[PDB]
Amino acid sequence: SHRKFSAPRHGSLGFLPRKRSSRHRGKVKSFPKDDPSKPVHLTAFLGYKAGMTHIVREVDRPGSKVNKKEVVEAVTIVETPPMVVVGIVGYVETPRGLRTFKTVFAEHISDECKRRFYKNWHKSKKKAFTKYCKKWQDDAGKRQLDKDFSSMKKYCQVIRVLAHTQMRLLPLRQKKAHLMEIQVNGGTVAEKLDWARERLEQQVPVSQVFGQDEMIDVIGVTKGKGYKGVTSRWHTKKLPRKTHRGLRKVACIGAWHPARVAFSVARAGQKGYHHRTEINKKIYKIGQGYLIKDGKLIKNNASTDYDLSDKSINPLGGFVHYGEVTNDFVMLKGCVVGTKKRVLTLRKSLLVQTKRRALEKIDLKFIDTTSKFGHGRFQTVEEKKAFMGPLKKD
Amino acid sequence: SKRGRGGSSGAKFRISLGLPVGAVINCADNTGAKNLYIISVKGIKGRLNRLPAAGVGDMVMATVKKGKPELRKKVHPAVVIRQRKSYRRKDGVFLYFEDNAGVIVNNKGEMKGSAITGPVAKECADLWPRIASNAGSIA
RNA sequence: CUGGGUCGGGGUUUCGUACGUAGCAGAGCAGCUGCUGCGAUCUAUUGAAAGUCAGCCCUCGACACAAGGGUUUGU
RNA sequence: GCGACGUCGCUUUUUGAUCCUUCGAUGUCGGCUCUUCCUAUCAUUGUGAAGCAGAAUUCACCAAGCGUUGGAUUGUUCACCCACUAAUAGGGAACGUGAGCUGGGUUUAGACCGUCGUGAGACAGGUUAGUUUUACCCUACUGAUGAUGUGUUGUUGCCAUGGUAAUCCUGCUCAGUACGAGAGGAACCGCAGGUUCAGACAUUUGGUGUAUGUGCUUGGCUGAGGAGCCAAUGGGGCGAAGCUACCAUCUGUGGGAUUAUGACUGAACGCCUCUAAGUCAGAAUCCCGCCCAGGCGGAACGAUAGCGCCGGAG
RNA sequence: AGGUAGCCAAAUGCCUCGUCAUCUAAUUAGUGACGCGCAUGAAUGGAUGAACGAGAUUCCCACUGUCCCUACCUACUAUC
RNA sequence: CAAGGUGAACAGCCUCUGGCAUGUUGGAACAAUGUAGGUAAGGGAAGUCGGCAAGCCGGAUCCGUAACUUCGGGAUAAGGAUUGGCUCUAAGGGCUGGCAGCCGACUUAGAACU
RNA sequence: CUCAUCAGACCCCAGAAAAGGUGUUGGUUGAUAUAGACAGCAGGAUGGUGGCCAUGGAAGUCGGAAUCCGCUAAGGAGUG
RNA sequence: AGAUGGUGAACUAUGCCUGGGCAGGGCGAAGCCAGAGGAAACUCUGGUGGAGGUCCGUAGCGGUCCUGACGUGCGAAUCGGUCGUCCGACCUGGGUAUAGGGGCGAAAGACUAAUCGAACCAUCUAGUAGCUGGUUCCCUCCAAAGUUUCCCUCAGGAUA
RNA sequence: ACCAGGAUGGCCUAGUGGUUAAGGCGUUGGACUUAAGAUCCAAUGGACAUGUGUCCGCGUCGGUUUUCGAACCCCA
Ligand SMILES: [Mg+2]
Ligand SMILES: [Mg+2]
Ligand SMILES: [Mg+2]
Ligand SMILES: [Mg+2]
Ligand SMILES: [Mg+2]
Ligand SMILES: [Mg+2]
Ligand SMILES: [Mg+2]
Ligand SMILES: [Mg+2]
Ligand SMILES: [Mg+2]
Ligand SMILES: [Mg+2]
Ligand SMILES: [Mg+2]
Ligand SMILES: [Mg+2]
Ligand SMILES: [Mg+2]
Ligand SMILES: [Mg+2]
Ligand SMILES: [Mg+2]
Ligand SMILES: [Mg+2]
Ligand SMILES: [Mg+2]
Ligand SMILES: [Mg+2]
Ligand SMILES: [Mg+2]
Ligand SMILES: [Mg+2]
Ligand SMILES: [Mg+2]
Ligand SMILES: [Mg+2]
Ligand SMILES: [Mg+2]
Ligand SMILES: [Mg+2]
Ligand SMILES: [Mg+2]
Ligand SMILES: [Mg+2]
Ligand SMILES: [Mg+2]
Ligand SMILES: [Mg+2]
Ligand SMILES: [Mg+2]
Ligand SMILES: [Mg+2]
Ligand SMILES: [Mg+2]
Ligand SMILES: [Mg+2]
Ligand SMILES: [Mg+2]
Ligand SMILES: [Mg+2]
Ligand SMILES: [Mg+2]
Ligand SMILES: [Mg+2]
Ligand SMILES: [Mg+2]
Ligand SMILES: [Mg+2]
Ligand SMILES: [Mg+2]
Ligand SMILES: [Mg+2]
Ligand SMILES: [Mg+2]
Ligand SMILES: [Mg+2]
Ligand SMILES: [Mg+2]
Ligand SMILES: [Mg+2]
Ligand SMILES: [Mg+2]
Ligand SMILES: [Mg+2]
Ligand SMILES: [Mg+2]
Ligand SMILES: [Mg+2]
Ligand SMILES: [Mg+2]
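Chains k3 and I1 supply the protein sequences, listed in that same order.
Just so it is clear: in the first sequence, position 308 is 309 by the deposited numbering, and no numbers are missing.
Just so it is clear: in the second sequence, position 113 is 114 by the deposited numbering, and no numbers are missing.
Treat each hint with caution, since some may be false.
Below, a list of computed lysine-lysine pairs in the DSS-like style, where the Cα atoms sit at most 30 Å apart [unchecked claim]:
id	chain 1	residue 1	chain 2	residue 2
1	k3	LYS66	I1	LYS113
2	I1	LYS46	k3	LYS238
3	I1	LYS43	k3	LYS5
4	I1	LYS67	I1	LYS3
5	k3	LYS356	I1	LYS13
6	k3	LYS341	k3	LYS229
7	k3	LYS385	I1	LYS91
8	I1	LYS86	k3	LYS239
9	k3	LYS362	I1	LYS123
10	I1	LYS86	k3	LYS70
11	k3	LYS66	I1	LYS91
12	k3	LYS20	k3	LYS283
13	k3	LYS20	k3	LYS272
14	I1	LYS3	k3	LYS69
15	k3	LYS69	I1	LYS13
16	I1	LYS46	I1	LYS91
Hint data in this document are derived by calculation from the structure and do not stem from the laboratory.
Please build the complete structure, drawing on both the sequences and the hints.
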């Protein structure tokens, strides 16, 4: 018999294999479609979720009641040191799909990227690319490499670039770098290949790939939450207090005839550590790193045009469970997936952006740098010492 | 929600709803009614088992449980002007009152009474301009 | 000539001014010819004391440790 | 738009008819929960027709994508009423769903009343009290190791297949305009928001709190002070982190072939005709993209310890 | 003998969710009445009625995770 | 048979005498789902057949107490206020030789301070 | 013979009717045809008559009863 | 099911005999004392006093609700909280009395040794069953009936 | 629905075996009384619910109709 009052189903079936992620670094499942008329650029980048803060900004939205009014918006900081490009990979189109045609690695590969090729760096004699590196010092080896590049320009339709993160500049305990294919979009295959050949062994900041007030995509893995029941996993209604064998269940898991359990019923299992692609996260800031100029350590990352302070993006006591942000970073609007210290994939948008919320121009007034390790109430330690005066600690 | 002929250009931002059906709020005007018993809220399509709920500025259907006898045993539209549930303004600032309060209105939006005791939230005041005229203090 | 770990130090933060000492502060009471006591509390030391990674941040301070062990894998 | 007198059917969401299966037992009403399916479509998309002026409402087609609520009374299915709403459509899945719950009602034993009976007792007549057992097996389902093959291993990958998701509403503007004698009264494009849903997240607000963190306090105990402890977390105030709530916050997306329909050229049928040959526009549909998983399915690359290449018979 | 005093849609009334009032926004519930009582009624006891009741119902105040709408903590498990 | 404290108390909670080794095992972790306890913003029964369960209340002192009634009750009706710690004051007794001297038990009330 | 954007496909037998189709194929009956048809393209639609009767007036041009003539290739006292 | 002869009141039901036990509080009956009032009859006030099949409530006795725990249990009826009662028709040990168509019952067909709308043991008894279940080697040859009539016959016989 | 009944003056009831239409109240006419009730003397009326069969002959017996009342409609 039919159910009387209609109720929408709990949970999306479009994320259905609710399993632990088989990758830890979020994979770009689909890169932006290439336009040969565009200049040659990168389409993706790899950062690390440092933490969150909140900003104050005036809004220019005609038709809203918040026009010329200042809002406080939640923002997430993603510490993005420059990527080092170490490889060039080409892809040929085939009626069975997109085949990896050829991979060329650079002459020098850092130990951070080398650590990715090992499951145990300590007991290894650390020998990856020690025979491949002889290709770039041999005259016949360059005479094979340049014909491999000629084969890629003749046959490949897609060019991606292998780049790895710089783990030494991060406060993480991890020093093994993350490698990633990043699809080089832009002009022809020949000039697209020449671009990556020149940027081979070189560093790419986040400024060259992304810009201020652009909507990007954040790809990552959800926070792990372990084996969870239906009440926290699929958000079903709790059964009443009088229920005998437990009230945090689903009461009926199916009718008698389909004489199985359907794949659409909520069951207990893994919740979290799920790979996700959230779209249209606005870049509210790209802040530069910690600079050493004139002997001074310039660190006024959070000093806006409305602040005139000298404070950094790092709050009081640093980020909780992360460390410091001494590299260039992306301030994104709102919440992105993952834990602190989780690797995040930043992708250029797959959509065309003609909306006012997408084309909105952002001018930050205030960046909150109070401690998140409690109810911290000062933006800077000079402000804290000015309010309190001398303590016993002198 | 409002669906009124007298409307401002910009529509209201979502606030926390602290007044479900069954909530008895203060009647903050001189109609003689002291209580407004909320029996439903305007504009809600709803969901299975979910109570309709109201924040400040949202119009509700309400009976009078205590007051003059010619106001009871019937339903009036009313507009919530104060609430104890803390709601977040778009400035990120959180405001709540110590009392839940509303005023008896009609379909068009005119209060039956002619003066309001206590403050009226800005979310109610700009959305209902005949309420904000008789408000003494605002937000 | 470098690494993490432990301790220590800073930072952050949590509560809210620690023990001791002093006070012609203290409702009063008692004993001596102004002094000596009892006395909850108060004031100063003293935004003190105490805690703070175990899943918070930074040290380049101290200490020892770290160039090891086992089991398999051949085109 | 209907439609009498007549007549042809469909369906098994009604009750019957029958007694084929089950009486060495298939747990018997409702409701709660949760998934999916149907269309005889209430709403929303696209349309045609009205005794369609506008608004509103009818009738019909493609159409089941997405919705279809909060309550008083009743055990109720059904019903009726209040209120909201885009609408508050109808159904199936052993009259879905009791090793899922509940046990209000039926339908054991106790007891009361009315009627009937000489009586024991009877009552699709009321009333009250009345034990709801077992999964550790196999499958299915959800997660979790792995398994065959590429010599071994690792890195980066591709996508065959499978799932799939967004929804609807309000306000401003158009505009008191078109339309209309007037009363009344739209729409397209834009703009701001919201509902339902989905995926997240904790900067903030709220919650938690045995950092048993830090004060306060009762009874007791360590001779007293200090420091503590016990009272199955002594009680209480505030509380870091971490988890967490439309109770805070963020995000939710593009095409193609087309259906209904409207059409173009154009015969059949010297006229005409959207159709016969040919052609166009065409949508909450369908399919793909996006997104999620990644095949006893491939690829490229790295390094390969007594092993890899090159030049004897068995 | 033809049911008197009383009482009543009662724990007794089919029709029946009886009609009116009251209670509510809305009441097949409750109370107060009405009596044509399928089928009330006087020690097969009628009517009343303080006190009492782990007895059966209705409404109100207060209070609350019963619920909107779930979340977090602790002990013993489950787990290895 | 039945000690001390608190307390009306042989209540509960802690301790001395005496007893014991946590009730047929230990170790490691802290997933769901349980069983037994807690807290929850806003609302306050909208949940449900039904306020089931949980929660509010609670002791004592000073007030104050309705309809009804078989005049006994109802009645801790309902509803209020107070309550800690400290420092005092007053009153309530006994024995010896309207007075003096010597002692001593607990209460109860009032007040100040904090 | 038949095209189905619901095709059909073999006793029992496993699904369909009344009604309907300028789909397409055949057949029956009757006309209207080389004393030249049917479309299609043009041209004439005449006087008696602008009809007694009704209706204010209707003159073929709301209605009911009159529905004959001739020059004729033809024209109903007229289908709109 | 029926019969004959026995064994049980160590559980429980009730009578009798003899023992044992029931904190601390609340309300405050009668009797009594004094004060005040009244012409009397007597009446107000304040104490006292300590009654009650009296109330809160410990032990005890019981077992309402969660329709909680458990439900191959700790347990063939237990456990937790919340509860009824707790000076009287109270609770309890031992002794004693009543025995199966009998006992005993503040009455539920309850209890009478985990047994009760007639206990338990042995025998009669291998009770009867038109009704279920089963019925043990091979090959060869032949090969049905569910119809007639009668029957307390209709799940069975006799008869053809 | 099944069984059992019941339909007669204006109302309420009698009535067979088969020949007789009965009674009460009412209506009507006359007395009594000033008049009316009460009382006295009288009179009429019946679709015998219908048609059919039996019989010489039916309101009566027997089957079928048309209106009514009574009992039962149970076990799940
Ligand atoms: Mg439905
Ligand atoms: Mg239960
Ligand atoms: Mg924080
Ligand atoms: Mg509900
Ligand atoms: Mg069976
Ligand atoms: Mg079974
Ligand atoms: Mg079954
Ligand atoms: Mg259809
Ligand atoms: Mg069923
Ligand atoms: Mg089942
Ligand atoms: Mg069950
Ligand atoms: Mg029941
Ligand atoms: Mg019974
Ligand atoms: Mg197990
Ligand atoms: Mg697919
Ligand atoms: Mg006009
Ligand atoms: Mg917080
Ligand atoms: Mg907090
Ligand atoms: Mg917190
Ligand atoms: Mg707290
Ligand atoms: Mg001390
Ligand atoms: Mg204890
Ligand atoms: Mg198209
Ligand atoms: Mg077409
Ligand atoms: Mg097209
Ligand atoms: Mg009577
Ligand atoms: Mg009710
Ligand atoms: Mg009544
Ligand atoms: Mg009787
Ligand atoms: Mg009787
Ligand atoms: Mg233990
Ligand atoms: Mg032990
Ligand atoms: Mg609450
Ligand atoms: Mg609160
Ligand atoms: Mg309710
Ligand atoms: Mg309900
Ligand atoms: Mg309770
Ligand atoms: Mg009372
Ligand atoms: Mg016999
Ligand atoms: Mg005995
Ligand atoms: Mg007693
Ligand atoms: Mg008592
Ligand atoms: Mg139970
Ligand atoms: Mg169990
Ligand atoms: Mg045990
Ligand atoms: Mg007894
Ligand atoms: Mg009985
Ligand atoms: Mg037989
Ligand atoms: Mg048989």
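These are the hints, each one checked on the structure:
no., hint, in the structure
1, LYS66 (chain k3) with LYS113 (chain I1), "holds (28 Å)"
2, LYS46 (chain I1) with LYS238 (chain k3), "holds (19 Å)"
3, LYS43 (chain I1) with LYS5 (chain k3), "holds (24 Å)"
4, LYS67 (chain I1) with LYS3 (chain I1), "holds (27 Å)"
5, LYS356 (chain k3) with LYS13 (chain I1), "holds (20 Å)"
6, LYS341 (chain k3) with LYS229 (chain k3), "holds (21 Å)"
7, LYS385 (chain k3) with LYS91 (chain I1), "holds (28 Å)"
8, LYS86 (chain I1) with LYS239 (chain k3), "holds (24 Å)"
9, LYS362 (chain k3) with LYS123 (chain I1), "holds (28 Å)"
10, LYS86 (chain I1) with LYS70 (chain k3), "holds (24 Å)"
11, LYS66 (chain k3) with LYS91 (chain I1), "holds (10 Å)"
12, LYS20 (chain k3) with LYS283 (chain k3), "holds (29 Å)"
13, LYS20 (chain k3) with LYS272 (chain k3), "holds (8 Å)"
14, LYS3 (chain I1) with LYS69 (chain k3), "holds (25 Å)"
15, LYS69 (chain k3) with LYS13 (chain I1), "holds (16 Å)"
16, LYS46 (chain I1) with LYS91 (chain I1), "holds (25 Å)"
Checked against the numbered hints listed earlier, the structure breaks none of them; every hint is satisfied.
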